[PDB]
Structures are given as C-alpha cells and as structure tokens.
Amino acid sequence: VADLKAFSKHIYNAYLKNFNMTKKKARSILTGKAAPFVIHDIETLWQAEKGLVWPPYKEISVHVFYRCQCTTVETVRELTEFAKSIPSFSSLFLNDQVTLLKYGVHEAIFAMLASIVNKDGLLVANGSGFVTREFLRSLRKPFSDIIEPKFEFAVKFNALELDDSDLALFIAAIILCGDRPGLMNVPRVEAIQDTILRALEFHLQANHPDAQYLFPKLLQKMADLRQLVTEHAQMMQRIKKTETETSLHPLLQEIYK
Amino acid sequence: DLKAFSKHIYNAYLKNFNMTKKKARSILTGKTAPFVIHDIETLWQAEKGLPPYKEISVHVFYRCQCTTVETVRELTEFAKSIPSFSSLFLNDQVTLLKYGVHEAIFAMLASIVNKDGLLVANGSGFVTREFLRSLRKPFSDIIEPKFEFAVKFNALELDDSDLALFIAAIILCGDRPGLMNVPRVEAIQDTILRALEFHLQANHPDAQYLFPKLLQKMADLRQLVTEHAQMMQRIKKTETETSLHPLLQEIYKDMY
Ligand SMILES: CCCCOc1ccc(-c2c(C)ncc(C(=O)O)c2C)cc1CNC(=O)c1ccc(C(F)(F)F)cc1F
Ligand SMILES: CCCCOc1ccc(-c2c(C)ncc(C(=O)O)c2C)cc1CNC(=O)c1ccc(C(F)(F)F)cc1F
Ligand SMILES: CCCCCCCO[C@@H]1O[C@H](CO)[C@@H](O)[C@H](O)[C@H]1O
Ligand SMILES: CCCCCCCO[C@@H]1O[C@H](CO)[C@@H](O)[C@H](O)[C@H]1O
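Note that the protein sequences, when read in sequence, are chains E and W. For what it's worth, this note's numbering labels the leading residue of the first sequence as 1, then goes sequentially. For what it's worth, this note's numbering labels the leading residue of the second sequence as 1001, then goes sequentially.
In isolation and in its complexed conformation, chain E is listed as follows:
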C-alpha cells in the first residue's frame, strides 16, 4: 500500500523534472492567468518564425510538418529522461528500453498533446504561441488528415479531467508495456506494467474519489491510443510514398521501419 504511494510520488517527480509543459501550466495560459501569439494564417506564421523563440522551405504545409517533427523529436528527448528516471525502467537492458520507447513514445505524445489543447487550437513554442485548429484544418492533405484526429481524441480525453499527477502514472503505464513487438524480457515488463496500473487505480481512488469508473475508462483510452498510432503510422506510410518533397527526420525513420 505504502509502496504504490511511494511509486506514484517518484514517477510524478520524474514527470515534473523532465517535461517542458504540464497540463497545469497550459490551463493557466489558455485561461489567461499565467499572452501567446495567435498563429492563424501565413501572415502570423511568418511573423512567429521571426519573432518567437523556437530545412529548405518547400511550401506552407510542409513547413508546418517540419515544426511537428521538431516537437516529436524534442518530446522523445523528454520521454527518454522520464522513463530513464524510473528505476524499474533503467533496470531493463538498454535495447529493451529502446523497444519500449520505439513503440511507446507516440501513444504518450498524443496523450500529452491533450494537455496543451482546447477545441480551437494548440500551444506551440514553450507556450508562447497558439496555433488555431482552423489554420491546421486549412493545410493541404495529407497533412490535414494527420493532425485532425489528434484534436478529436484530445477533446474526448480532456473530458476525463485528469491532472498531472494522473498523467505521470498514465504515461508511465504507456511506456512500460509488455505488448511491444520484440520485447526480450516480456514477463518482467508485464510485472512492471501491473505495478504502475495498480499504482494508477490507487491514486485515482485518492485524487478522484467521486469519479466512478475512471480507471476502466482510462484503460479504454490506452486502447484508443493504440488505434490512433496505428492509423497515424498508416498515414505516415502515405507521406513517405506520395510526398517526395518532404524529408523525414532520422529518428522518425527509425520508428516507422
């Protein structure tokens, strides 16, 4: 009992230590209590690229696509240090850690993306900018069809009203997953995953005591997250096939191979 309480406290500390944007910091900005420069067209995007403190320019949709890859690459840096900060994770052999991150970071990215989003847009560049969803909708396909489902997911996910102490356990349960293809020491990860999910439902009882059925709802979001990454990797197969102009970051080439 007092082990899961200590486990939750340590994972939450890793979370706050390594991630650049909490859901608390983002709700502060999106409610005007922390103003981000609104990016809604080519005009404000060019000003942002000159004014905001953040490859050959091919076009507008491809430029935004490169900005998205930067976010992913940077978040993967943080997601590594978050998982490395978990002793059970660092105990695994280093190649099993890569297997977990390879199949794990994108599920965790789309969950954390809900933490910096309302139904009208998202926060970019350390919270100093707000890119409207309608401007993202107006990009040309496939780049439009890639971004839009992440909003539709982030809206339904934000209905559960999790805070950062909830997400730290939730994201940790995402990475420490025994279902990953090619895992060397499978039952070891399954044991770690069970400890975190137990720690999650225990923390959900204390922090969200009146919320009924919250834990089985979160498990469903973990299933919805596997589908979202499945469909995402399918659209990435299309970008590498039809978009000969767009280059792909080497870290994303390794993930989608």
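In short, the hints are calculated from the structure, not lab data. Some hints could be false.
[Stated by the list, open to error] Simulated crosslink set (DMTMM-like; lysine to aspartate or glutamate; CA at most 25 Å straight-line):
#1 E/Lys102 / W/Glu1250
#2 E/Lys156 / E/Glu134
#3 E/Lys257 / W/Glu1250
#4 W/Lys1080 / E/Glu254
Take the given structure of chain E and dock chain W with the ligands to it, following the hints.
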C-alpha cells in the same frame, strides 16, 4: 579540454569495472591466492565454495555467457558515463554497444589473463587454459583464439589509463551498421583517438609506434568478433540442447 576528457573517461573506467588490470596483476603475481580450476572436481568445488546441467563443456559455455551479460552491464554504464555518449538518442546508443561490446570484451579479457589461464569469480578463482582446451569442439574452438589475441595484446604493456581510452574508442565507433547520427559519432571517436594518442605519448614516452599499433589491434578485434559471431551462429544451429542468452541472441541476430 582533452586532458579533462581523458581523466573523465579514466574515472568512469574505475567507477564501473570491478576488475582492473592493476588488481588482476596483483593476483597473478602474488602480492589471497586464487582457487585453480583445472578439472571437473575443482570446477564442482568452485560451484559450491566460490539452467539445466547438460554437460561440462556446455556448463562452462553457460558461465561464459554470464560473464558477457554482466560485462555488458558494466560497459553500458561506462558508456553512459561519457556525457557525449548519453546525448545520443537511445537507439544509437544500443547500436554502438550491440556491435561494440564484444570487441571491448575480448580486449578487456587480456587484463585478467596470463599465458596459462584467466581469473574468474571476482578474482577468487583461476581457470586454466588446458582445461578450456580440454573442452569439446566447438567450445574449444571458440575460447582458444581469444587467448592468442589476449597474449599478443599484453605485449603492448598497457595499463588502465590507456585501456579506458581504448575501450571508449571501441564503443564510440562511427562504422557501426544502422547508425542514425553518423557524423556526430565520427566526431566523438575522433576526439577519443586524439585524447588516446595524446595520452599515449605522455604515459608511454618511449613507446615507438604505439598508437598505430593500437589501431591495428582495433582492426584485429573487428576480425576476431566477426569470426566469433560465425562460431556462435553455428552453435545456435548445430547444438539444439545448448540455449543462448536472449541478450546474445539479439547481438548475433544480424552479424555476418
Ligand atoms: C491535439 C493536438 C493536435 C496537433 O498536434 C500534432 C498533431 C500531429 C503531429 C504529428 C505530425 C503532423 N506528423 C508526424 C508526427 C509524428 O511524430 O509521427 C506527429 C506527432 C504533431 C502535432 C504537434 N504540433 C506541433 O507541435 C506544432 C508546432 C508548431 C506549429 C506551427 F504551425 F506553429 F509551426 C504547428 C504545430 F502543429
Ligand atoms: C582470453 C580469455 C579467453 C577465455 O575467456 C572467454 C572466452 C570466450 C567467451 C565467450 C564464449 C565461450 N561464448 C560466447 C561469448 C559471447 O559473449 O559471445 C563469449 C565472450 C568467454 C570468456 C570468458 N570466460 C569466463 O568468464 C569463464 C567463467 C567461468 C568459467 C568456469 F569454468 F569456471 F565456470 C570459465 C570461463 F571461461
Ligand atoms: C544493452 C546492450 C545492448 C545490446 C543489445 C543488442 C541490440 O539488440 C537490438 O535491439 C533492437 C531493438 O531494440 C532490434 O531492432 C535489433 O534487431 C536488435 O539486434
Ligand atoms: C529515444 C527513443 C528511440 C526510439 C527510436 C526508434 C528505434 O529505432 C530502432 O532501433 C533499433 C536499434 O537501435 C533498430 O534495430 C531498429 O531497426 C530501429 O527501428
């Protein structure tokens, strides 16, 4: 600062390797004597006072995989202690270790070996080379070539300060297949080799042609592991009864 770079790696070496060449040379010269293992009985005694048992040759082969698995644990933390290495994305770290740990292992074996055998079990035992030769093929064909290299490598008379820079150059190799950030690695390797060459002329001022000799040993090690990888693959096909540690199954999966 190259002077600080070499000193940091030498610190990570002492910080992560229980058995240094300095410690091992004390035990092999006489300044507690190791328990000599030369037959089945002394091996049996050592298992008490120092996987399903198939036979003796496979049992020793199982205890060799234990040393490799443990030495890979130490090498991982040694590489992680090099801050330039930790900045690499985790997948690139694995690639360097995957194709590098065994070149590093076969070089570090020479630190605990004389012409008559090697130290085992944290230095509390000495396994003879004739007892390793007495094992049946292919287990005898896998171990003896390591002795040949280990004795020729000991002729360079390196100490731990040299080996620390030598091991770091093996791990941080730009030629590893599947490397993501190739230029970054090639830069780090170039820094270590500069630090090694600079450290060699200061520590071995009279050693003629020492640095280009060590570069030949690095190529020699790449040949030894390639030959060692093939022998392991034939074992995985011929010997159904002998099981491989999953960490070695991942390493030898693609080595040709
Ligand atoms: C609920 C939120 C949905 C939107 O968020 C999404 C959705 C999908 C992706 C994505 C894409 C498109 N392609 C490949 C991958 C992959 O990693 O496989 C990923 C993860 C990225 C973001 C994150 N976006 C950004 O951070 C961002 C940054 C700057 C700008 C700016 F316009 F100002 F320049 C625009 C931006 F949108
Ligand atoms: C110059 C030194 C040469 C000998 O050292 C060698 C050579 C090859 C290997 C090896 C093998 C056989 N197979 C696969 C791999 C692989 O990793 O691919 C490796 C690296 C291991 C050792 C290290 N030996 C031991 O540590 C050891 C431990 C206990 C016992 C005991 F008998 F007491 F139980 C005997 C031992 F020899
Ligand atoms: C900790 C020591 C590091 C050595 C581990 C050996 C590396 O294994 C490799 O892990 C990769 C995914 O992680 C796989 O894609 C490769 O097929 C496999 O060869
Ligand atoms: C920091 C997160 C790292 C995640 C990057 C994704 C990992 O890439 C994979 O790395 C393996 C060896 O390194 C290769 O065998 C695989 O073919 C490759 O796809």
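These are the hints, each one checked on the structure:
1. E/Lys102 / W/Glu1250: holds (16 Å)
2. E/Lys156 / E/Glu134: Satisfied, since the Cα-Cα distance of roughly 18 Å is no more than 25 Å.
3. E/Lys257 / W/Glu1250: Holds, because 17 Å separates the two Cα atoms, which is no more than 25 Å.
4. W/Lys1080 / E/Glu254: Status holds; Cα separation ~21 Å.
The structure fails none of the hints (numbered hints given earlier).
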